[PDB]
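There are 2 protein chains.
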Amino acid sequence: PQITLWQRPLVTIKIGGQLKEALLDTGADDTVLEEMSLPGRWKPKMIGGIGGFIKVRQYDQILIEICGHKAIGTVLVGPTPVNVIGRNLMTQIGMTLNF
Amino acid sequence: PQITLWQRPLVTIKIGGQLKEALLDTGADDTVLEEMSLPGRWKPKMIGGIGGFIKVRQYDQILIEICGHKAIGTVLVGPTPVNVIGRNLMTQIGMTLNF
Ligand SMILES: CCOP(=O)(COc1ccc(C[C@H](NC(=O)O[C@H]2CO[C@H]3OCC[C@H]32)[C@H](O)CN(CC(C)C)S(=O)(=O)c2ccc(OC)cc2)cc1)OCC
Numbered sequence: 501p502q503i504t505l506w507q508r509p510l511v512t513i514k515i516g517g518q519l520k521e522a523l524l525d526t527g528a529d530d531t532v533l534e535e536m537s538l539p540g541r542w543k544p545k546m547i548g549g550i551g552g553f554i555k556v557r558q559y560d561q562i563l564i565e566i567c568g569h570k571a572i573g574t575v576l577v578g579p580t581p582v583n584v585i586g587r588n589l590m591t592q593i594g595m596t597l598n599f
Numbered sequence: 501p502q503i504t505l506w507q508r509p510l511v512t513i514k515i516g517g518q519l520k521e522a523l524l525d526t527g528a529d530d531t532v533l534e535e536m537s538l539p540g541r542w543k544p545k546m547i548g549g550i551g552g553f554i555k556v557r558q559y560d561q562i563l564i565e566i567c568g569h570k571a572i573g574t575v576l577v578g579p580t581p582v583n584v585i586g587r588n589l590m591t592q593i594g595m596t597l598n599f
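Listed in order, the protein sequences are those of chains A and B.
So for the first sequence, UniProt numbering puts the first residue at 501; every next one is plus one.
So for the second sequence, UniProt numbering puts the first residue at 501; every next one is plus one.
Same shape as in the complex, but just chain A:
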């Protein structure tokens, strides 16, 4: 389908047995979510944007369900003010920009 940009493109994802609302974000390289518990090992990382950098825990190979699809990608967990779905995951579900 087609998602308009008149409003923030919000979606509900299923990850780690939880339902989280996030922003389909083309300006986000990776998916970044607020504090939550995830399985497996992780690596500390610093990501920057408007306002500066924040420290996050990088988890790889995380299964996430979005728009009915079951994709796999990297999830950065940290004190982000808004949950965002990055290009890392959007590519997997075949999402593109069109005009």
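Keep in mind the hints are simulated off the structure, nothing from the lab.
Per label pair, the in silico range of CB-to-CB distance:
#1 B:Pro539 with A:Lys545: 35 to 45 Å
#2 B:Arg508 with A:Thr512: 19 to 29 Å
#3 B:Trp542 with A:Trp542: 41 to 51 Å
#4 B:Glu521 with A:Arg508: 20 to 30 Å
#5 A:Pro544 with B:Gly594: 35 to 45 Å
Yeah, the Cβ is synthetic: ideal placement off N, Cα and C, and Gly gets one too.
Mind docking chain B with the ligand on chain A? Use the hints.
Then chain B with the ligand, alone, in the frame of chain A:
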């Protein structure tokens, strides 16, 4: 046209008669550009980002070409890691997300 998300969706914009590189950012409500000179008077605006709030200069009804399409709207100038084109301008050129 269609823009995939495997790489950052960087496009050429024209503002003030100069060509610049900007990132199509669906996670951004507004358009924030790196330090530059724009005509007329500006108003103050406080915008939030992943690292916190920052003060920017707000210029309205500014002519700006994005991917060759003409738009006239609000441009915010301030400390941003990269020029970002937000939903305010992407809506003007009829851009949407699709899958
Ligand atoms: C301090 C509190 O702020 P806030 O009011 C809004 O909180 C955010 C934070 C981040 C974003 C995504 C970025 N958009 C944004 O900042 O938008 C700005 C401009 O429009 C305005 O409206 C939304 C917030 C203004 C952008 O899409 C992606 N970023 C990169 C680029 C902007 C430099 S990012 O989030 O820094 C990022 C994501 C993934 C990464 O992986 C490597 C790296 C970096 C949206 C909203 O809190 C609400 C509770």
